[PDB]
Amino acid sequence: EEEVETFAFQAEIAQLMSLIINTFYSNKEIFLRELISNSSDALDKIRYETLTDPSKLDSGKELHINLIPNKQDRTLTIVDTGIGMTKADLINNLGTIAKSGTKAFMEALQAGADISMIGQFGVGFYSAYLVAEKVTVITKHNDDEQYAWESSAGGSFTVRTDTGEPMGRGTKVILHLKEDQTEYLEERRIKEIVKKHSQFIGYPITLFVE
Amino acid sequence: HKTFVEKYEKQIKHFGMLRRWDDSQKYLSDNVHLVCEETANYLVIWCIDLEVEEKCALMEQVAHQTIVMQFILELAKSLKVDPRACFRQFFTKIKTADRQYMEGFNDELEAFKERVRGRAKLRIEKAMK
Numbered sequence: 001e002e003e004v005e006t007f008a009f010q011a012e013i014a015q016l017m018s019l020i021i022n023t024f025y026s027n028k029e030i031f032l033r034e035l036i037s038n039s040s041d042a043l044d045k046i047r048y049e050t051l052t053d054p055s056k057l058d059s060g061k062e063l064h065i066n067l068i069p070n071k072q073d074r075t076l077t078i079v080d081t082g083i084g085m086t087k088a089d090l091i092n093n094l095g096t097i098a099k100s101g102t103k104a105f106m107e108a109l110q111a112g113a114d115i116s117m118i119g120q121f122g123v124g125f126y127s128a129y130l131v132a133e134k135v136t137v138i139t140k141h142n143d144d145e146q147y148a149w150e151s152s153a154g155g156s157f158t159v160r161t162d163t164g165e166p167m168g169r170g171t172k173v174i175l176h177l178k179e180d181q182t183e184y185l186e187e188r189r190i191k192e193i194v195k196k197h198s199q200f201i202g203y204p205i206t207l208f209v210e
Numbered sequence: 211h212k213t214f215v216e217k218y219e220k221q222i223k224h225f226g227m228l229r230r231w232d233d234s235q236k237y238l239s240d241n242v243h244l245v246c247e248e249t250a251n252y253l254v255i256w257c258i259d260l261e262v263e264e265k266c267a268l269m270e271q272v273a274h275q276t277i278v279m280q281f282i283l284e285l286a287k288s289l290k291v292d293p294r295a296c297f298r299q300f301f302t303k304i305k306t307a308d309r310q311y312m313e314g315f316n317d318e319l320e321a322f323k324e325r326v327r328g329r330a331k332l333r334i335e336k337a338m339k
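Protein sequences, first through last, are from chains D and H.
Sequential numbering of the first sequence, starting at 1, is according to our numbering.
Sequential numbering of the second sequence, starting at 211, is according to our numbering.
Take these hints with a grain of salt, some might be off.
Unchecked claim - With beta-carbon atoms standing in for the labels, derived distance ranges:
id, chain 1, residue 1, chain 2, residue 2, range
1, D, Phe200, H, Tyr311, 45 to 51 Å
2, H, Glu263, D, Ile21, 41 to 47 Å
3, H, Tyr311, D, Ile21, 51 to 57 Å
4, H, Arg325, D, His64, 34 to 40 Å
5, D, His64, H, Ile255, 41 to 47 Å
6, D, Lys61, H, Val242, 51 to 57 Å
7, H, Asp240, D, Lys178, 27 to 33 Å
8, D, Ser18, H, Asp240, 36 to 42 Å
9, H, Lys339, D, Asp44, 50 to 56 Å
10, H, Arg325, D, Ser55, 40 to 46 Å
To be clear, the hints were calculated from the coordinates, so they are not data collected in a lab.
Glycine is no exception: its CB is placed at the ideal position from the N, C-alpha and C atoms.
Let's have the full structure, built from the sequences with the hints guiding it.
Here it is, written out as structure tokens:
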């Protein structure tokens, strides 16, 4: 038997998610920018740690983001060699911990904002819901084990101990893209978006098309 | 000054609804005409009104935009060069491993919000009693 725990999304997060999922926007590829930008953060963060403690490089000396589409499984996997998050980080940061940015973003929308600033308030993660249906995140932190974080909208998320192959270190996010949003599984589409918003990433990015 | 606000109000108001470093950096690059004192002034005025509306959630973010403008302007002024040419270095020193600069940035931010709260209470008290 596995250890699966279901937690509830904070009020504002649940509300915003419901809005992001039901509201039909135009600029949707923002989700890729948000994720990739957040991926560079994971890398930049591990560096500073390894500078003081080189022993954390045994988890993988490489520092690069990989984009792995899948037209067969209809999934968009994104991998970053950062230090990832712990079980506590996953549960706390992704769901429980309220973000003042989430609250303000909602107010900003009323004041007259845009979707291209969703990650501005710090809510630059759930933007994937604009194109996906169910989010799956697997990460391997140094001072922790391997865990799986998945949520299929609604207002709850599931955290359990990952059984899959060891990842070493890093963040691996597999997006369950919507059946009508397969366009992002296109190499030319992804490459276009990367050369568009992901050109300031000071870390090598590699797309692995089939 | 006055004609500036009545020409880019919608732009400035949209600027205060941000918070990321490189994100706002491009916003300032694309709208280099927004790096002015009036801009920072508007953000205060707006923040004070937001606090009264009990929109303390948005007030916290707008302040993270007011301090940015103030800091950039100060940074540029100290360098004795036009802010429009000295607005990207601020976002550079924010990644710098020197957290002292970042802390200095946070301290003013926290104090700014608290100073705002006092102003908002004085505004309502002057008409309440």
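field: Unsatisfied constraints (hint numbers, rising)
entry: Violated: hints 1, 2, 3, 4, 6 and 8.
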